Every structure is written in C-alpha cells, then in structure tokens.
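Each chain, written out:
Number of protein chains: 2
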Amino acid sequence: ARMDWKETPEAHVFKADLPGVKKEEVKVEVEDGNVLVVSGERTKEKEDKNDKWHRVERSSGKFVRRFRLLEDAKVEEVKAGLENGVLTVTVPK
Amino acid sequence: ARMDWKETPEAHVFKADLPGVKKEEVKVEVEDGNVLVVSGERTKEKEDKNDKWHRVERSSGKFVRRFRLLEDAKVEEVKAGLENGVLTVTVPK
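Protein chains in written order, with my numbering: chain A, 1 to 93; chain B, 1 to 93.
Source of the hints: derived by calculation from the structure; they are not laboratory data.
The beta carbon of each residue, even a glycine, is placed where N, CA and C say it ideally should be.
Careful, some of the hints might be misleading.
To spell it out: a stretch of chain B is covered by chain A in this simulated footprint if at least three of its residues, at any positions, have a beta carbon under 8 Å from a beta carbon of chain A; those stretches are [what the hints assert, rightly or not]:
# : region
1 : 1-12
2 : 20-33
3 : 52-58
Just chain A, with the same shape it has in the complex:
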C-alpha cells in the first residue's frame, strides 16, 4: 500500500492508495501509544471456473503500514477518511 506522509502546521497527514478496498476491510490504529498502524486486506475475487483470465496485474491480499508518531501527538484526535480508493489519516499536532 503506497503511502505519503505530509506535515501541515496543524497536523501530520498520511495518504494511502487502497483501490478496491471497502472501509470494512481497513483498520486504522495506534499501537504502543505512538505507532500508527494502517492494515487490511484487498480481497481476491476468486469467482468461478467458467471465467477465463487474459491478464492479471492487480495485487490482492493483506497490507500493513506503520509510522511512528510523536510522543506528544493528539492520539485521541486522529481522523481517518476513505474516498476514491485513497485513505487519509490526520494526526493533530
């Protein structure tokens, strides 16, 4: 899962490309008090044998991403939005 890490005067913002992932398959947490953990699964659409695959380039499966936040970050004020296959996490400073 490709992620960007930008910083605004107000907060550190994280972005993650998660095409084809429903919000029920993504988990956003804070472990050990200051470690942002973005994880989930990009479910494989196995389907039936009637089908035929001519090309397969898209990946599927589990993904895990961890960033170490500041020992003094609004851990209780972290927001997480998901739209158009892009996840956005806002960690207030």
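Using the hints, position chain B against chain A.
Leaving out everything else, chain B in the frame of chain A:
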C-alpha cells in the same frame, strides 16, 4: 494503471487500479472497432501549497493502455464505472 482482464461467458471485464483519480482525468475509448483504450493522468492534489513532504511514494503520471478485443465491440453497450479507485470496463459479447 495495473489492469486485469477477465472473460466471463457474458462479457469481457477489465479492472484498473486508479486510486484518487477523477473521471475527468480518465478516458475509455474504442479504436478501429476492436481496441479498448484506457488512458489518463491523476491531477496534482490542490492541497496546501507550502506543506512539508516527509515521504512520497504515491507518484502517478500519464499513461495509455490498449487491448485487442476478440470481437468488434458494440460501443453503445460498453459500460465504464469508477468506484473506490477502481475503473471497471465491461464489454458485452
């Protein structure tokens, strides 16, 4: 634009991971009767000019892709939808 091409008995289904892309930035055309063409370019995020970029992995650009259909497609029957970062092009056989 990682893409998959599946051939169910009913139609040809193409998938393209285009996270954070808006329909005004993607284009699905048909050339010479049997050539599906997918192209586009994710726009610059009109996000806070001045932000600090700690890490940038998501780095998309222009691209064009073409597939040779097994049979001339009835262009008025071709459906294309964009959702959760995934472009889907269905071609009825």
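Taking the hints in turn, this is what the structure says about them:
With 8 residues having a Cβ less than 8 Å from any Cβ of chain A, the region 1-12 of chain B passes the three-residue criterion, so the hint holds. Counting residues of the region 20-33 of chain B whose CB lies closer than 8 Å to any CB of chain A gives 3, which reaches the minimum of 3, so the coverage claim holds. Requiring three or more residues with a Cβ within less than 8 Å of a Cβ of chain A, the coverage given for the region 52-58 of chain B holds, as 7 such residues are present.
In this structure, every one of the numbered hints holds.
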